[PDB]
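Enquirer: Residues per chain, in single letters:
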Amino acid sequence: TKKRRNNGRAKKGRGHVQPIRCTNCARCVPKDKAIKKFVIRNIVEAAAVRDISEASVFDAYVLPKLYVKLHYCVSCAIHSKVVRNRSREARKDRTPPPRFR
Amino acid sequence: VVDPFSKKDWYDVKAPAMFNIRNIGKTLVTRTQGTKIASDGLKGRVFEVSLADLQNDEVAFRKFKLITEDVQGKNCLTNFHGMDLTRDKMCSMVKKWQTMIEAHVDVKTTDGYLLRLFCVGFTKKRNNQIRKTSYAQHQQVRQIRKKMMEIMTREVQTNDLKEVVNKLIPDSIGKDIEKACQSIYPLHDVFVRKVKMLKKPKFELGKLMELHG
Amino acid sequence: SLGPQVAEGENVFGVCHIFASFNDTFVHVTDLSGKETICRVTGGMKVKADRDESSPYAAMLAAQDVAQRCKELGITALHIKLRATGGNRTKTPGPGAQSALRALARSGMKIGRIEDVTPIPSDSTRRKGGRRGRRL
Amino acid sequence: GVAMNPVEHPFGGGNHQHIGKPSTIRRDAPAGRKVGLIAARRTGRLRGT
RNA sequence: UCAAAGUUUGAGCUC
RNA sequence: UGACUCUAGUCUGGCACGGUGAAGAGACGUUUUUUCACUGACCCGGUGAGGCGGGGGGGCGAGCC
RNA sequence: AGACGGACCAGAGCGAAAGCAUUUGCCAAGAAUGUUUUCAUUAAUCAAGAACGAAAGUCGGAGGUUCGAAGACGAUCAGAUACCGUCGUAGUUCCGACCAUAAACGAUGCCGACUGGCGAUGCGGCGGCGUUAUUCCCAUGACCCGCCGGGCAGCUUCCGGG
Ligand SMILES: [Mg+2]
Ligand SMILES: [Mg+2]
Ligand SMILES: [Mg+2]
Ligand SMILES: [Mg+2]
Ligand SMILES: [Mg+2]
Ligand SMILES: [Mg+2]
Ligand SMILES: [Mg+2]
Ligand SMILES: [Mg+2]
Ligand SMILES: [Mg+2]
Ligand SMILES: [Mg+2]
Ligand SMILES: [Mg+2]
Ligand SMILES: [Mg+2]
Ligand SMILES: [Mg+2]
Ligand SMILES: [Zn+2]
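In order, the protein sequence lines correspond to chains A, B, C and D. Start counting at 1 in the first sequence, then tack on 78, and there's your number in this note's numbering. Start counting at 1 in the second sequence, then tack on 414, and there's your number in this note's numbering. Start counting at 1 in the third sequence, then tack on 852, and there's your number in this note's numbering. Start counting at 1 in the fourth sequence, then tack on 1263, and there's your number in this note's numbering.
Just so you know, the hints here were simulated from the structure itself, not pulled from any lab data. One thing to keep in mind: the hints can contain errors.
What the hints assert, rightly or not - In silico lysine-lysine, DSS-like type, Cα no more than 30 Å apart, as pairs:
(1) 923(C) - 479(B)
(2) 546(B) - 90(A)
(3) 539(B) - 115(A)
(4) 510(B) - 111(A)
As the list claims (entries may be wrong) - Some chain C residues well away from chain A (every beta-carbon gap over 12 Å; in silico):
(5) 867
(6) 890
(7) 913
(8) 926
All C-beta atoms, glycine included, are put in the ideal place defined by N, C-alpha and C.
Start from the sequences, fold in the hints, and give me the full structure.
Expert: What follows is the structure in structure tokens.
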């Protein structure tokens, strides 16, 4: 039986794409199938900045940022527990939740 | 049986006169022992300098490399070598849904300084825009790239190194570029993301000292 | 290791190059230039237990002890260049990275302007594994 | 050399065609013997480069 | 931010 | 040839041909010695041994009185 | 020195199909659109026959940076001639010669007609208050609200089928 309509990817008009090496593994995944995450993040996140802010000289001097873009492989994603399994019915709900988290 | 940092002799690092403050900082080299001169060891070093030190109270992301090609006397005389934008800033700027447009060009000024300039620009989402994309056409990008080179050559070739650095300190070039492109497609976050000194001419010390008093 | 500057009016800067890898931590103090070094010191000298040199507990303890010795040398301000392994390889600092970071938050050095400097390539050479990846 | 009689070569002779002695040899050696593989550091199927 | 976990009288299950 | 006894050749250290100066430790005003030069012995290569090194003066450009 | 042209990169485009993304120049082509342009049946599908056809493989050169079949060793393990590691050959790169095989998957042959919506989108075309640069208007550019052709996709329902 056909498990998913798109075969866990986004190949409808094209035909081929360049493979990527995993970060945690090196598993080769098609970029279009592969998970893409644009993580920008403070070199110091929240707990550290309060501690580190003590370490700064100037009162309120802005910190630069750490502009990452991550790609993981699948088995790593479930292991690292970024994504959960869903039901057959909920599967089609492809809208991501609002911006509460 | 001696602490080795005793041998080092210090030197004051001096900025040229177009800029306000002269003494950037201090640099150390071993004292004259043997063939080598502390001045000689000092002569090759390179100094990354902040915009807070260029503008009186301002953001840090512009930088200026400066090698001290000659030592005057208890000082280090720097020279223009290449502006650059910070990784944080450019990667922060660079976000999805916008035609990025870069261009480079090598060109030499009236004085014997040869530059290689790198521009950058991003298409602007309008206030009332409802199409999510806000992308440019390809012809639009080719037009921007050609104008980019026109303005950079025309501006730099016609005027001296002093003028090129005093225009680069503002956005005057990128601002005129925003002027040139505003009919075509509104881009906003305009910068000269890199400028690069390439081949200096023969050193005339009277010219260097005239720049330094 | 003597900055003749007056203490608070202005700072005599050094610049610490904090390498935090997933299996090592470097600390390399230099001058404004960088070409000339003042004191570099690593964890692997201070702690001999191969498995927990990069451990965050080790990297923290290391960062405190190292930052302590640089303060000892009496440099008041530092520029910072935190760095990770980089390249085609990882862009994420290893477990030592963050413990070291918090450690240097408590350690007390006057900090000049900070920046990130990990060398990302435009288009890279092939990552060290198979095509089928580091499998386990 | 192997084909020759054992006057014209140090590897000669024998009923069966064979060398009999090791083919690697010193360079501190007199003219007449310096024969074969001179100062052979290695000697085999050169695997790799 | 993944080292491993094998078998089970021949001596009678069932609309 | 793994017999005995020798030999040309080749490797290695010493003395002599074999100088003039530099810095350091010491060494057993002196050295044992480590480096750094110089050149006059000595050595090599090329040429039908053909314009070398200094000092003026002259000029094409850069900067000054 | 040789690979590679990130991020910009989309449920986007083009190509017979594999596939195709550093700048600039030269060469020619083409789907699609507008058209009161010419010819007036010149067309559709096809055994035989033919062009192209990722990777590995093969033969010569050129080149030999990285990785890395084979192989060795070092580790765990009852055994591991594997999964982990350090090396490391052919190959991986270019030119010139063969080859014609993949889950070559939409696992869905090509043309042609008809029968429900809905919003979004890419191109060409048309129409229409006003904003906004050219600035000093026009006519263009960016927005904006629509209609038209076909196009990659999406959602939707007792259409009916299965
Ligand atoms: Mg004989
Ligand atoms: Mg197992
Ligand atoms: Mg049994
Ligand atoms: Mg590139
Ligand atoms: Mg394919
Ligand atoms: Mg047929
Ligand atoms: Mg092939
Ligand atoms: Mg092939
Ligand atoms: Mg062959
Ligand atoms: Mg390998
Ligand atoms: Mg074994
Ligand atoms: Mg292996
Ligand atoms: Mg097939
Ligand atoms: Zn995975």
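Enquirer: Are the hints correct? Go through all of them and say.
Expert: Results of checking the hints against the structure:
A threshold of 30 Å between alpha carbons decides the hint, and for residue 923(C) with residue 479(B) the separation of about 28 Å falls inside it, so the pair holds. For the hint pairing residue 546(B) with residue 90(A), the CA-to-CA distance comes to about 22 Å; that is within 30 Å, so the pair holds. Pair hint residue 539(B) plus residue 115(A) holds up; C-alpha atoms about 23 Å apart against a cutoff of 30 Å. For the proposed pair residue 510(B) and residue 111(A), the alpha carbon gap of about 19 Å is at most 30 Å, so the pair holds.
Look at residue 867(C): its CB is around 15 Å from the nearest CB on chain A, clear of 12 Å, so calling it non-interface holds up. Residue placement check: residue 890(C) keeps its beta carbon more than 12 Å from all beta carbons of chain A (closest about 20 Å). The claim that residue 913(C) is not at the interface with chain A holds, since no C-beta of that chain comes within 12 Å of its own (minimum 16 Å). Here residue 926(C) stays apart from chain A, with its beta-carbon at least about 17 Å from theirs, past the 12 Å limit.
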